[PDB]
Amino acid sequence: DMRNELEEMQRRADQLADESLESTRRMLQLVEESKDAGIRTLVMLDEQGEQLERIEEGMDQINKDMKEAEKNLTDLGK
Amino acid sequence: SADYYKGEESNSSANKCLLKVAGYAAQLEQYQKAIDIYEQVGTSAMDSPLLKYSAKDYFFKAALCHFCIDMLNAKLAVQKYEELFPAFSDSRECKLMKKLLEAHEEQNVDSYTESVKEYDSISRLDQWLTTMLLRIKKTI
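If you read the protein sequences in the order shown, they are chains A and B. No gaps in the numbering here: position 53 of the first sequence is 58 in the UniProt record's numbering, and each next residue is one more. No gaps in the numbering here: position 6 of the second sequence is 153 in the UniProt record's numbering, and each next residue is one more.
No lab work stands behind these hints, which were simulated from the structure alone. Mixed in with the good hints there might be a few duds.
Calculated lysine-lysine pairs in the DSS-like style (CA-CA distance at most 30 Å, straight line) [said to hold, decoys possible]: (1) B:242 - B:163; (2) B:163 - A:40; (3) B:242 - A:40; (4) B:264 - B:199; (5) A:40 - B:199; (6) B:180 - B:199; (7) A:40 - B:180; (8) B:242 - B:153; (9) B:167 - B:264.
Ranges between beta-carbon positions, derived for each pair [unchecked claim]: (10) A:27 - B:196: 29 to 35 Å; (11) B:197 - A:59: 18 to 24 Å; (12) A:18 - B:270: 47 to 53 Å; (13) A:45 - B:261: 33 to 39 Å; (14) A:53 - B:166: 19 to 25 Å; (15) A:59 - B:237: 40 to 46 Å; (16) B:159 - A:18: 55 to 61 Å; (17) B:156 - A:69: 40 to 46 Å; (18) B:285 - A:28: 30 to 36 Å; (19) A:17 - B:187: 58 to 64 Å; (20) A:57 - B:257: 54 to 60 Å; (21) A:44 - B:158: 20 to 26 Å; (22) B:166 - A:77: 29 to 35 Å.
Don't be surprised by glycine CBs; every beta carbon is placed ideally from N, CA and C.
With the rest of the complex left out, here is chain A:
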């Protein structure tokens, strides 16, 4: 009558982490810095676009003025 039976106990392997808290924090800090740099680039790019738009009008005005002056001088000369 040496017929034995058993029961079982369970253990849980550690969840997936303990490497997600050293590279993670550095990743977040770098992401924040990149976000700030992107915001600054946004602002600078908008300012540059405004300045180019401003330049356009003066360019067109000088072109028109020179063309009209040349035509007038030619007309009077002949």
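Following the hints, complete the assembly by docking chain B onto the known chain A.
Same frame as chain A, now just chain B:
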């Protein structure tokens, strides 16, 4: 060219020209001019909303030059830079230079090599940095 540009308050081009001049002077073993230019450029860029993030790098370069002149000079320069720029105390360059100083203070070459390799693994070193590091290693 740098003097001409600075005469017209052209800071960016003058800074780039001074950077090239300091680099070439360092290549020729003229450490004083290189450190002076690097310190000036770093201080100038510290007070900008865009260039601020680069202010660390220049300092590191200057610090390397100090290591060529002497050890305690480099340590004092590091202390001065950290006091002037507290955020410099978290950058990888400061940690690398601290580790190199610790290894170099006890005639330890193995730890020097391990730290150099560990840092180079993350980012590839350029000819200037690797040559300066080889010189420092050859010193002792």
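The hints, checked one at a time:
For the proposed pair residue 242 (chain B) and residue 163 (chain B), the alpha carbon gap of about 27 Å is at most 30 Å, so the pair holds. Under the criterion of a C-alpha separation no larger than 30 Å, the hint pairing residue 163 (chain B) with residue 40 (chain A) is consistent with the structure, at around 26 Å. Distance hint between residue 242 (chain B) and residue 40 (chain A) is fulfilled; the C-alpha atoms sit about 25 Å from each other, no more than 30 Å. For the given pair, residue 264 (chain B) sits about 28 Å from residue 199 (chain B) by alpha-carbon distance, which is consistent with the 30 Å threshold.
Restraint check for residue 40 (chain A) and residue 199 (chain B): satisfied, since their Cα atoms lie roughly 15 Å apart, inside the 30 Å limit. At roughly 23 Å between alpha-carbon atoms, residue 180 (chain B) and residue 199 (chain B) fall within 30 Å of each other, so this suggested pair holds. With a C-alpha separation of about 36 Å, the suggested pair residue 40 (chain A) and residue 180 (chain B) falls outside the 30 Å cut-off, and the hint is violated. Between the alpha carbons of residue 242 (chain B) and residue 153 (chain B) the distance comes to roughly 35 Å, so the proposed pair goes past 30 Å and is violated.
As the CA atoms of residue 167 (chain B) and residue 264 (chain B) are separated by approximately 27 Å, the hinted pair is consistent with the 30 Å bound. Between residue 27 (chain A) and residue 196 (chain B), the C-beta spacing of about 30 Å keeps the proposed range 29 to 35 Å intact. One distance hint, 18 to 24 Å for the beta-carbon pair residue 197 (chain B) and residue 59 (chain A), holds here, with the actual separation near 22 Å. Taken as a hint, the range 47 to 53 Å is violated for the pair residue 18 (chain A) and residue 270 (chain B), whose Cβ atoms sit roughly 35 Å apart.
The beta-carbon spacing between residue 45 (chain A) and residue 261 (chain B), approximately 38 Å, falls within the hinted interval of 33 to 39 Å. Look at residue 53 (chain A) against residue 166 (chain B): about 24 Å separates their beta carbons, and that is inside 19 to 25 Å. A beta carbon spacing of about 42 Å between residue 59 (chain A) and residue 237 (chain B) agrees with the range 40 to 46 Å that was offered as a hint. Here the CB-CB span from residue 159 (chain B) to residue 18 (chain A) is close to 56 Å, well matched to the stated 55 to 61 Å.
Between residue 156 (chain B) and residue 69 (chain A) the beta carbons are some 33 Å apart, a value that contradicts the proposed interval 40 to 46 Å. A beta carbon spacing of about 34 Å between residue 285 (chain B) and residue 28 (chain A) agrees with the range 30 to 36 Å that was offered as a hint. For residue 17 (chain A) and residue 187 (chain B), the hinted distance range of 58 to 64 Å is satisfied, since their beta carbons lie about 60 Å from each other. In this structure the supplied range 54 to 60 Å holds for residue 57 (chain A) paired with residue 257 (chain B), their Cβ-Cβ distance being about 58 Å.
About 23 Å separates the C-beta atoms of residue 44 (chain A) and residue 158 (chain B), a value consistent with the hinted range of 20 to 26 Å. Against the hinted window of 29 to 35 Å, the Cβ-Cβ separation of residue 166 (chain B) and residue 77 (chain A) comes to about 52 Å, which falls outside the hint.
When the structure is compared with the earlier hints, violations turn up for hints 7, 8, 12, 17, 22 and for no others.
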